[PDB]
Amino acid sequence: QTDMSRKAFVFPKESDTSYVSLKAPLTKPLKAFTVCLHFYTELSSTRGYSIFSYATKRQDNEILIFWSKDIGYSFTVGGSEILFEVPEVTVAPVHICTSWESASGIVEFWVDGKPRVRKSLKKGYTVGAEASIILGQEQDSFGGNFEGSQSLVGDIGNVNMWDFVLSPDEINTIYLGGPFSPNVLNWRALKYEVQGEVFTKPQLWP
C-alpha cells in the first residue's frame, strides 16, 4: 500500500551491497508476461549492467534484461538470450517494455514507444512463480552472489509487471501516462525491502 508515484530509486555509488527486493503475491506459474520500466544511467559507454533480475531456485537468470557494452540490450529467459542491437547510444531517460508469450514463443521489445522486430525464444516453457525480483544487481544465485561489475549506478522507476501480453494500444497508453491496473507488480501498491545505500527521491523524467 506504499504509493511510489512520482518517485524513483537512486543508486549513487558502485557497490555490491545496495539493492531493492520486490514481492509478488501470485502462485500460479506464468505462461506469458510483460514488464515495463524507466531507467537512467551513464554507464553505457563504460561497461554493461543489469536492469531487472528475476531468479528462481532452479535457475538464477530466469527473466533478465541486461545491457552489453558495444552491443545493446540482452533479453534472457530460461537461460536463453536474444540481442537487440542499438548502434547509437544516447544520454537521456529510457522507457522499456518487454513481453513474452509461451504458446507462440514471440518476444516483443518497445524502446521509448517505438517497437522492435519480433523474435522467438523458449516455446512451450513455464516460468516459476516463487521467485526473487531484484533491482540493483544481477543475481547469480537465489538472492545472492552479487557482482560488482554488473551493478547499476543511476535511477530506476515506474516498474510494472503483468501476467499477459499487452497490445500496442495499451503500450502506447502506458508510455503516454494513462491509467492501468497491473496484476503482478504495482507501482501504486508496491511491497519492497531496501538493503544497503539506496535512496527514494522525486523522478527526473516527466
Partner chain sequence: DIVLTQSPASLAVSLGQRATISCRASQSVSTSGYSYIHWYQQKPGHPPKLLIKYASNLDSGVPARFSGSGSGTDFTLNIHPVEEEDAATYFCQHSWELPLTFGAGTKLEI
Given for the second form:
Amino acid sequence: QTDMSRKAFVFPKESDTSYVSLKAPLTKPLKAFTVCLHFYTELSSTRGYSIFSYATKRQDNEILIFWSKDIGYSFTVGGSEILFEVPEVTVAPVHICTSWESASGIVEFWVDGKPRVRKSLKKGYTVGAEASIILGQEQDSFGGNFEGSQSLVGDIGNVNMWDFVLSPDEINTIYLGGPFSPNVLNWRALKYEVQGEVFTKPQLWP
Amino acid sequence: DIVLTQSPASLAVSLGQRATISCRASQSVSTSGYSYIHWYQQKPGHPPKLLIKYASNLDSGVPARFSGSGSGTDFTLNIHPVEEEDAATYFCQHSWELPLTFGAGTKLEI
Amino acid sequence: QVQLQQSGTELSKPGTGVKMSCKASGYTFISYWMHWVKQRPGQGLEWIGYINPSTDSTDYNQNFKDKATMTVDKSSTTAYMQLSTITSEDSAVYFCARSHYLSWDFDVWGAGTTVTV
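After the form deposited without the partner chain, can we look at the form deposited with the partner chain bound?
Every component of the complex follows; first up is the chain already shown.
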C-alpha cells in the first residue's frame, strides 16, 4: 500500500499507453457502490475522455464515468449508460461522487458537493469482482485495448470507493474532506501499478 | 497490518497527578491533518468506553482531564489531574485500514 | 436508549459451534456497521471483523476468516457471530460494538458474551 494523500496522478500527454491500474481487495461481486473522485482537466471543452473505467472479463465498461463533449457527464454500469447533462462547464478541479444500487437501480451523481437528479439504471445487476480498474484510459477489453482519443489528459486523485451507496450526509463529509474510511478502495492505502509516462505529483486542489 | 505498540504496560499514579500513556504506530496514520487513532477506557467487568477519537477529539460525556495528542507514528493520552475514577485499562486503536488493530493496552493503577 | 444487548454466557465443548447475538436497540440499525471484537481474559483486544447490515457484507481479521461468520437480521435488528469448531483457545469475552459506517471508532458497545470452551 501507499499513502497517496495530497498527491495525484498527472497525465500530461494524450496516449493509449499512459494509465494506472488500481488493485481492489474485492471478493464478493458488488450489489452497490460509491466512487468519489477529484480531477482537473481542460479536455471537457474539446473531446470526450475517460474519468473512471471499471471493466471485467465478461463486460468491459462495467462501471464507467465519462465526459461527452456536447452533453456532459455520463455514467455506465453493466454496459448501459445514463447521461447527466451539464451543458455549461468551467475549468477547475471537479470533485464528483457516483453511487448506484442494485436493489433500486437508483443512480446518484454528485458534482462539487451537490447532487444531480437521482436517476435509474441497471436495477438488479451484479458487478463482477474480477475488476480491472484503470485511471487515465477507457478499456475496450479487460486491462487493455485503450483508445488514445478517450484517454484523460490532466490530473486525478482522491479516488475512493465503497461497497455501498453513501448518504448525502456522508457525501458531504467526504466533499468537505473530513475523516472517512472507504472499505473497497482507499486512497491512503492504495495498491496500484503505473505504466507509461505517468507521474505522481502534489495535488492542485485544496 | 498496522502494529500499535503501547507503553508502559502499567502505570502507577497518585491521585491529582498526570498519567501519560503512549502508543506507537508502525506507520504514519495521519493524513490531511486528521489522524486515525482512538483511545478507549475499559474498567474490569465492563466493556470499553471510547475516550478520544482521531488522536485528540474528546468524546461527549468525557471529562476535560482526558486529553489525547500526537501525530504521525507517535500518540499519547494524558489524564490530568489523574483521579480515582481513572483506575482502568487503556487501549489505542487505529481506523486507517482493515484489519483494525488494538494496542496491547496499559493498566493505570493508583 | 441506544444500546447493544448480547445473549449472555455460552458454555460449550471442543468441536462444537456457538452463535451469539447482539440486539441493537434505539437507533436505525441500517445506518451503522456492527463490529465484533475478542478479548481473552486479562489480555488485550482482538478485532474479529465487521458486518454492514445495509449490504449484508462482511470482512474479517485474517485470523478469523474461517473461525467466524457474521450475519444480521434487519427485521429484528439483531447481529450475530457464529464460531466454528471452537476450541479452548477460543475462550474469551466477545463484544459487539457500533460504528458510524464511514468512521471506525467503536461508539457504543455491548456488555460482552463470555464463551468458556
